[PDB]
Each structure stands twice: as C-alpha cells, then as structure tokens.
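It is the complex with one fewer protein chain than it really has, and the rest are unchanged in position.
Order of writing sets the labels: A, B, C, D, E, F, G, H, I and J. Residues in every chain begin at 1.
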Amino acid sequence: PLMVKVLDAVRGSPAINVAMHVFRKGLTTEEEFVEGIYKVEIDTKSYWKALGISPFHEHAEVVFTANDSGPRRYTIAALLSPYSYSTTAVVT
Amino acid sequence: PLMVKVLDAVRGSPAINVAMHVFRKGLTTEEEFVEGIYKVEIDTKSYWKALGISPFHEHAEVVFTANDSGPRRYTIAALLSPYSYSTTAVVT
Amino acid sequence: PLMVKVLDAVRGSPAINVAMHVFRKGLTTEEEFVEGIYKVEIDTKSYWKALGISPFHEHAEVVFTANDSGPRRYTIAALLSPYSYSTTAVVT
Amino acid sequence: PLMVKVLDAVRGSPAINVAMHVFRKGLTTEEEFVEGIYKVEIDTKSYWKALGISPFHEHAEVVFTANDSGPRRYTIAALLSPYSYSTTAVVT
Amino acid sequence: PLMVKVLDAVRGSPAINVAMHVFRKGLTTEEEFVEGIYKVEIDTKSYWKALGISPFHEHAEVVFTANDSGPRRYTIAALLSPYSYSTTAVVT
Amino acid sequence: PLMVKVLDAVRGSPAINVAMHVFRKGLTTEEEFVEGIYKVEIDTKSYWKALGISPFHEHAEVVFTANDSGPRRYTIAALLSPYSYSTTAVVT
Amino acid sequence: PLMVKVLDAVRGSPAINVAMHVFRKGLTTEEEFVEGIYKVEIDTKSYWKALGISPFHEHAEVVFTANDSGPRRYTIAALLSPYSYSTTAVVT
Amino acid sequence: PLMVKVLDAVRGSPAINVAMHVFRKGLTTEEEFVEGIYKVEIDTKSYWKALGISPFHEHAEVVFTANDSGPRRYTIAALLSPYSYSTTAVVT
Amino acid sequence: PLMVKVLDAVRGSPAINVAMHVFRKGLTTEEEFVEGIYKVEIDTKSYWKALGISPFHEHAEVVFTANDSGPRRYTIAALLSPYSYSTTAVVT
Amino acid sequence: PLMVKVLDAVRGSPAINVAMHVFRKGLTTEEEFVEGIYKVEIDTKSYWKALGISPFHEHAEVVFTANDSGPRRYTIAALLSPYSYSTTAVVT
Partner (left out) sequence: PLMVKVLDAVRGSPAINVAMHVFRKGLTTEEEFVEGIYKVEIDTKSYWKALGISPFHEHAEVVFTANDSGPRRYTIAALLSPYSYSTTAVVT
C-alpha cells in the first residue's frame, strides 16, 4: 500500500520545479532507464561516436583535427533556478 | 494499492513545472525508457555518429577537420526557471 | 488499484506546465519509449548520422570539413519557464 | 482499476500546458513510442542522415564541406512558458 | 476499469493547451508511434536523408557544400506559451 | 505499507526544486538506472567514444589532434539555485 | 511500515533544493544506479573513451596530441546554492 | 517500523540543500549504487579511459602528448553554498 | 523500530546543507555504494585509466608526456560553505 | 529500537553542513561503502591507473615523463567552512 504525497497544500505563490519518478516492480545498450528529465546542455560537442563494427579495419590513414576556437558568449541568468518575488536583469 | 497525490490543493498563483512518471510492472539499442522530458539543448554539435557496419573498411584515407569558430551570442534569461511575481529583463 | 491525483483543486491564476506519464504493465533500435516531452533544441547540428551498411567500404578518399563560423544571435527570454503576475522584456 | 485525476477543479484564469500519456498493457527501427509531445526546434541542422546501404561502396572521392556562417537573429520571448496576468514585450 | 479525469470543472477564463493520450493494449521504420504532437520547427535544415540503396556505389566523385549564410530574423513572442490577462508586444 | 510525505503544507512563496524517487521492488550496457534529473552540462567535450568493434584493427596510421583554444565567455548567474525575494543581476 | 516525512510544514519563503531517493527491496556495465541527480559539469573534457574491442590491434602508429589552450572565462555566481532574501550581482 | 523525519517544521526563510537516501533491504562494473548526486565538475579532464580489450596489442608505436596550457579564468562565487539574507557579489 | 529525527523544528532563516543516509539490511568492481554525492572536483586530471586487457602486450614503444603548464585562475569564494546574514565579495 | 535525534530545535540563523549515515544490519574491488560525502578535489592529478591485465607484457620500451609546471593561482576563501553573520572577501 505505497502512498506518495507531494505539495498537498500550497497556500501562496511559489516557484516550483518538481520531478518525481514512481517505480513499482550491441555497441550501446540502454534499458528500463530514466535520463535527462531536466537536463540542460550548452555548447556540448561530440565528434566521433559509435562509428560502427570494423570501421577503418585495414590500412586506414585518418587525420582527425578538431578546432574548438570561436568567439562565443552565452550569458545565461537564472538557469534551472525558479525564483519568486524576484528580479532577473541581464544587461549588456 | 499504489496512490500518488501531487499539488492537490493550490491556493494562489504559483509558477510550476511538473514532471511525474508513474510506473507499475543492433549497433544502438534502447528499450522501455524515458529521456529528455525537459531536455534543453543549446548549440550542441554531433559530427559523426553511427556511421554503420564496416565503413572505411579497407584503404580509407579520410581528412576530418571541424572548425567550431564563430561569433555567436545566446543570452538566455530564466531558462527552465519558472518565476512568479517577478521581472525578467534582457537589455542589450 | 493505482490512483493518481494531480492539481485537483486550483484556486487562483497559476502558470503551469504539466508533464505526466502513467504506465501500467539494425543500426538504431528504439522500443516502447517516451522522448522529448518538453524538448527544446536551439542551433543543434548533426553532420553525419547513420550513413548505412558498408559505406566507403573500399578505397574511400573523403574530405570532411565543418565550418561552424557565423554571426548569430539568439536572445531568448523565459525559455520553458512559465511565469505569473510577471513582466518579460526583451529590449535591444 | 487505474484512475487518473488531473486539474479536476480550476477556479480562476491559469495559463496551462498539459501533456499526459496513460498507457495500459533495417537501418533505423522505432516502435510503440511517444516523441515530441511539446518539442521545440530552432535552427536545427542535419546534413547527411541514413544515406543507405552500400553508399560510396568503392572508390569514392567525396568532398564534404559545411559552412554554417550567416547573420541570423532569433529573439524569442516566452518560449514554451505559459504566463498569466503578465507582460511579454519584444522591443528592437 | 481505467478512468481519466482532466479539467473537469473550469470556472474562469484560463489559457490552455491540452495534450492527452489514453492507450490501452525499410531503411527507417517507425511503428505504433506518436511524434510531433506539439513539435515546432523553425529554420530547420536537412540536406541528405535516406538517399537509398547502393547510391554512389562505384567510383563516385561528389562535391557536397552547404552554405548556411543569410541575413535572417525570426522574432517570435509567446511561442507555445498560452497566456491569460496578459500583454504581448512585438515592436521593431 | 511504505509512505512518503513531502512539503505537505506550504504556507508562503518558496522557490523549490523537488527531485523525488520512490522505488519498490554489449560494449556499453546501462539498465534500471536514473540519470541527469537536474544535471546541467556547459561546454562539455567528448571526442572519440565507442568507436566500435575492431576499429583500426590493422596497420592504422591515425593523427589525432584536438585544439580546445577559443575566446569563450559563459557568465551564468543563479545556476540551479532557486531564489526567493531576491535579485539576480548580470551586468556587463 | 517504512515512513518518510520531509518539510511537512513550511511557513515562510525558503529557497530549497531537495533530492530524495527511496529504495525498498561488456566493456562498461552499470545497472540499478542513480547518478548525477544534481550534478553540474563545466568545461569537462573526455578525449578517448571506450574505443572498443581490439582497436589498433596490430602495427598502429598513432599521434595523440591534445592542446587545451584557450582564452576562456566562466564567471558563475550562486552555482547550486539557493538563496533567499538575497542579492546576486555579476558585474564586469 | 523505520521512520525518518526531516525538517518537519520550518518557520522562516532558510536556504536549504537536502539530499536524503533511505534504503531498506567487464572492464568497469558498477551495481546498485548512488553517485554524484550533488557532484560539481569544473575543468575536469580524462584523456584515455577504457580503451578496450587488446588495444595496441602488437607492435604499437604511440605518441601521447597532452598540453593543458591555456589562459582560463573561472571565478565562481557561492558554489554549492546556499545563503540567506546575504549578498553574493562578483565584480571584475 | 529505527527512528531518525533531523532538524525537526527550525525557527529562523538558517543556511543548510543536509546529506543523510538511512540504510537497513571484472577489472573494476563497485557494489552497493555511495560515492562523491556532494564531492566537488576542480581542475582534476586523469590521463590513462583502465586501458584494458593486454594493451601494448608485445613490442610496444610508447612516448607518454603530460605538460600541465597553463595560466589558470580559479578564484572561488564560499565553496561548499553555506552562509547566513553574510556578505560574499569577489573583487578583481 | 535505535533512535537518532539531530538539530531537533533550531532557533536562530545558523550556517550548517550536516552529514549523517545511519546503518542497521578483479583489479579493484569496493563494496557496501560510502565515499566523498563532503569530499573536495582541487588540482588533483592521476596519470596511470589500472592500466589492465598484462599491459606492456613483453619487450616494452616506454618513456614516461610528467611535467607539472604551470602558472596557476587558486585563491579559495571559506572552503567547506559555513559562516554566519560574517564577511568573505577575496580582493586581488
């Protein structure tokens, strides 16, 4: 007789992020899983992933170069941070 | 007799994000999963993924170059952050 | 006798995002899954994906170059962030 | 006797996004799935995907160049963020 | 005896987006699936997809160049964000 | 008779992030796992991952160079930090 | 008769991050695990991971160089630190 | 009859981080574990990890060089340190 | 009849980090553990880890050099140190 | 009838870090352990760890050099030291 009670009585004006999971009971294999529920990804980089079976098997001559140079500005305010009765100013 | 009770009584004006999962019970394989419910992806990069079976198997001469240069500005305010009785100001 | 009760009584004017899953029970393989429920993708890049079976199998001479330069401005305010009794100003 | 009760009584003027899934029970394979319920895509790029079986199998000489330069401005306000009794102002 | 109850009593003037799923039970294959329910695509780009079986099989000499330059302005306000008793101004 | 009671009575306007998990009971294999519930990734880099079975098996001559140079500015304020009756100010 | 009681009565406006896990009971193998619930990653780098089975098996001549140079500024304030009745200023 | 009582009565406006785990009962193998719940990663580097089975097995001539030079500034204030009635000021 | 009572009555505005574990009862093997839940890692470096089984087994000629030079400044204030009624100033 | 009572009555505004573990009852093997509850890592270095089984087994000629030179400044104030009614000042 499992019972879960969440934010039953809310009197007011909150700022809320609620993540709940209820569970009652082949290069890359993933099964029965929970991933990136509130995941935030900024300027992520993946070059070579899961190329495959027997790639470049014989007499491969590869030249791999990755140049991550760049003038980049992101400037996030209040990332994944709920706020209440509050002021968020991004001024440039 | 599983029972889940969430935000049953809300008196007021909140700012809410609610993610709830209730569960009662081949190069890339993924099964019976939940992913990227609130996934936020900004300027993500994937170059080579799952090319396949026996790619470049024999006598391959590849030249892989990735130039991630660039003048880029993102400037997000209140990302994935619910707010109440609040000010979100982006000024440039 | 599974029972789920969410936001049963709402008195007021909230700002709400509600994501709720109730579950009772070959280069890429994907089964019985839930993906990108509230997914946000901004300036995402995928160059080579799942090329296939035996691509460039013999005597391939490839020249792969990716130039991610560029003057780009995004400037999002209140991304995936419900707000109430609130002011969102984007001024340039 | 599964039972789901959502937003049963709403007294007021909320701003609501509701996604609910209730479930009772060959290069790319996807089965019995839910994708992009509230998915948001901005300036996404996919160059080469699922080219096929035995592409460029023998003596291929490819020149792949991708130039993602460009003067681009997006300027979204209140993306996927319901708001109530609120101001959303985009001024340029 | 599955039962789903949503927004049974609404007293007021809300702004609502309602997605509800009730489920009781070939290079690219998708089966019994749900996709792009509220998916939003802006300036998305797909160059080469599912070219086919044995394309460029022998002695192919391809020159692939993609120039994503361009003066482009999008300027969306209140994307996928229902609002109530609210003001949305896009001024240029 | 498991019972979980969280934030049952909330009188006021808090700023809350709630992650709650209730559980009652092949190069890379991941199963029965929960990951990235609130995980945030900024400027993460993965070059070569899960290349495959027997890659570069015989007489491979690879040149791997990764240049992570670049003028980059991130400038996040209030990352994953809910705030109440508060000011979040990013000035440049 | 396990019972868990968390933040039962909250009178006021706190800033809260709460993570709770309830549990009642082949190169890389991880199963039945809960990882990176509130994990934050900034400028992380992984070059070669899980290359595969018998890579560079015979007569490999690799040149691996990683240059992590770069003018980079991050400047985070209030990372994973909820604050209340407080002032967060990032000034440059 | 295990019972856990945490922060039952909170009168005021604290700044709180709460992690609670309640438990009642092959190169890399990890089982039934909880890892990096509130882990913070800044400028972490992993070069070669889990290359695989029999890599560089015979007559390998590798040149591994890692140059971690770089002008980098991080400048975090209030990392994983909730604060109340407080000032967090980053001035440059 | 195990019973745990923590911070039952909190009158005021403290700054709190709460980590509580309640427990009632193959190169690398890791079982039934909790590791680095609130561990924070800054500028950590791991070069070669778990290369694999029989790497460089015969007639290997490796040149391993690691140059950890670099102009780097971190400048953290109030790391993992909650503060109350307090002022945190980082001035450069 | 084990009973644990911690910080039952807190009247005031303290700064608190709380770690409590309550417990009632193959190169690297670790079982049923707790690690890095408040673990802090700064500029840690691990070069060669768990290379594997029979690495460099026969006729290996390795040249291992590690140069930990570098202009590096860390300058942490109030590390893992909660403070109340206090000033934390980093001036350069």
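Heads up, the rule we're going with is that a contact is a pair of C-beta atoms (placed from the backbone, for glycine too) under 8 Å apart; a residue touches a chain by one contact, two chains touch by 3 or more.
A.B. asks: In terms of residues, what is the contact footprint of the unshown chain on chain J?
C.D. replies: Contacting residues on chain J, toward the hidden partner: 1-92.
A.B. asks: Can you list where chain I touches the absent chain?
C.D. replies: Against the missing chain, chain I presents residues 12, 14, 27, 39, 68-69, 81, 84-85.
To be clear about the criterion, only the chains that are shown with their structure count from here on.
A.B. asks: Pick the pair from I-J, F-H or G-I whose contact list overlaps the D-E contact list by over half.
C.D. replies: Answer for D-E: the repeating interface is I-J.
A.B. asks: Any chance you could list the residues of chain H touching two or more other chains?
C.D. replies: 1-92
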